[PDB]
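Q: Mind docking chain A with the ligands on chain B? Use the hints.
So you can see what is in the structure, the chains are spelled out below.
2 protein chains.
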Amino acid sequence: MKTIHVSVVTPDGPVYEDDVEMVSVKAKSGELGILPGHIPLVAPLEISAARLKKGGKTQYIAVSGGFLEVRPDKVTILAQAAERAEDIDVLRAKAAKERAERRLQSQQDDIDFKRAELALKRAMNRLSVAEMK
Amino acid sequence: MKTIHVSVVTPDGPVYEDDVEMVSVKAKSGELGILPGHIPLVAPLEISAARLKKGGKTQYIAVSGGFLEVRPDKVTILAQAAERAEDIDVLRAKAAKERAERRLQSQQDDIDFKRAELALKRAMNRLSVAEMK
Ligand SMILES: Nc1ncnc2c1ncn2[C@@H]1O[C@H](COP(=O)(O)OP(=O)(O)OP(=O)(O)O)[C@@H](O)[C@H]1O
Ligand SMILES: Nc1ncnc2c1ncn2[C@@H]1O[C@H](COP(=O)(O)OP(=O)(O)OP(=O)(O)O)[C@@H](O)[C@H]1O
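Chains B and A supply the protein sequences, listed in that same order. Numbering-wise (the deposited numbering), the first sequence opens with residue 1 and increments by one. Numbering-wise (the deposited numbering), the second sequence opens with residue 1 and increments by one.
Hints may be right or wrong, so weigh each one.
When chains are identical, the list treats them as one kind, so a pair holds in a single copy or across two.
Stated by the list, open to error - Below, a list of computed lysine-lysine pairs in the DSSO-like style, where the Cα atoms sit at most 27 Å apart:
1) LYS97 to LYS74
2) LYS2 to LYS114
3) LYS74 to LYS114
4) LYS121 to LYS97
5) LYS54 to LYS26
6) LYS2 to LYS121
7) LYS28 to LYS94
8) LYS2 to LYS133
9) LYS28 to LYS121
10) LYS74 to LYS28
11) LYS2 to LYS97
12) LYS94 to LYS114
13) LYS28 to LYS114
14) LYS114 to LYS97
15) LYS53 to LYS114
16) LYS94 to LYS2
17) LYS114 to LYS57
18) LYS54 to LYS94
19) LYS74 to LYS94
20) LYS54 to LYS114
For the record, the hints were derived by calculation from the structure and aren't laboratory data.
Just chain B, same shape as in the assembly:
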């Protein structure tokens, strides 16, 4: 029953490390299921959930974009921000969601849109992942 060593790193350092059966992530190209033996690969990740499977139990992590690196003996997710499901502050993410929506409807604006949309997506992603704890 083979496993892959996975590490999730943010600019603050490692947030998660384990040996798991499968790592599923959303790359810019599509959903990827990384199993032991996967060829080496470096792919950009979208604001999405990473799903880490170990003996049927699945651990969810909100990844606010970053990069996936797959090597023979390791899988690394390098994320601009990452939170395990159980560590997401749901109130804060709801507040963030509503703030982005308010900006996006601003009209009276020096409001930046592209970044306001990304702010909304990071909040919705965190809320979706938190539902899984």
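A: Frame of chain B, contents of chain A with the ligands only:
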């Protein structure tokens, strides 16, 4: 004069690939000059210029943070955005700088200042690096 392979990749894909005598970058910890034989290292990068020294000649790349991944033989810069100095659209970056400055100067409510400050740093860095083409 030993070399290290350098790769710079962004969510659009590779920006640069070559063998250089040294790569210098601004990590969260401070400036790093990476020579061949450097031990493994993952470090987050600041909004900065990467200086790639080759045959006396130096190539500059504007890097909008992301991560540095070092092995004795090869250095990967995984950037949220990166532009070789000669590829920087100066008119664009100046407009971004002035747009961010207008946003920052606004005493109006939820403009979102943190990411306005980051937008300004990115434009200033690009304008500075373009000068090094
Ligand atoms: N609601 C959440 N629960 C736990 N930590 C979070 C949450 N939202 C952001 N963080 C953390 O705060 C730091 C900044 O993250 P980021 O810049 O993506 O926040 P943001 O989308 O601007 O949200 P906010 O406006 O709520 O601060 C990162 O360390 C991140 O892991
Ligand atoms: N002035 C520049 N010249 C060439 N490409 C650039 C420049 N500014 C951003 N880009 C490119 O556009 C894409 C988005 O980059 P980024 O999100 O950092 O832009 P930005 O800071 O929002 O700037 P702008 O407001 O001008 O779009 C990245 O591919 C990047 O390489």
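Q: Decide, hint by hint, whether the structure agrees.
A: Status of the hints after comparison with the structure:
| no. | hint | in the structure |
| --- | --- | --- |
| 1 | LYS97 to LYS74 | neither (34 Å within a copy, 40 Å between copies) |
| 2 | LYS2 to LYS114 | neither (42 Å within a copy, 43 Å between copies) |
| 3 | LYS74 to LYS114 | neither (34 Å within a copy, 34 Å between copies) |
| 4 | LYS121 to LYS97 | both (8 Å within a copy, 25 Å between copies) |
| 5 | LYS54 to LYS26 | within (19 Å within a copy, 36 Å between copies) |
| 6 | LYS2 to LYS121 | neither (34 Å within a copy, 45 Å between copies) |
| 7 | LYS28 to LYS94 | within (26 Å within a copy, 29 Å between copies) |
| 8 | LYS2 to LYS133 | within (25 Å within a copy, 49 Å between copies) |
| 9 | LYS28 to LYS121 | both (15 Å within a copy, 26 Å between copies) |
| 10 | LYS74 to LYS28 | both (20 Å within a copy, 24 Å between copies) |
| 11 | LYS2 to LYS97 | neither (39 Å within a copy, 51 Å between copies) |
| 12 | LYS94 to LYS114 | both (19 Å within a copy, 18 Å between copies) |
| 13 | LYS28 to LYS114 | both (17 Å within a copy, 26 Å between copies) |
| 14 | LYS114 to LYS97 | both (15 Å within a copy, 16 Å between copies) |
| 15 | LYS53 to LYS114 | neither (33 Å within a copy, 35 Å between copies) |
| 16 | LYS94 to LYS2 | neither (39 Å within a copy, 53 Å between copies) |
| 17 | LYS114 to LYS57 | neither (36 Å within a copy, 37 Å between copies) |
| 18 | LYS54 to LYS94 | neither (29 Å within a copy, 50 Å between copies) |
| 19 | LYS74 to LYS94 | neither (34 Å within a copy, 42 Å between copies) |
| 20 | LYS54 to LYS114 | neither (37 Å within a copy, 37 Å between copies) |
Consistency note: the structure conflicts with the earlier hints numbered 1, 2, 3, 6, 11, 15, 16, 17, 18, 19, 20.
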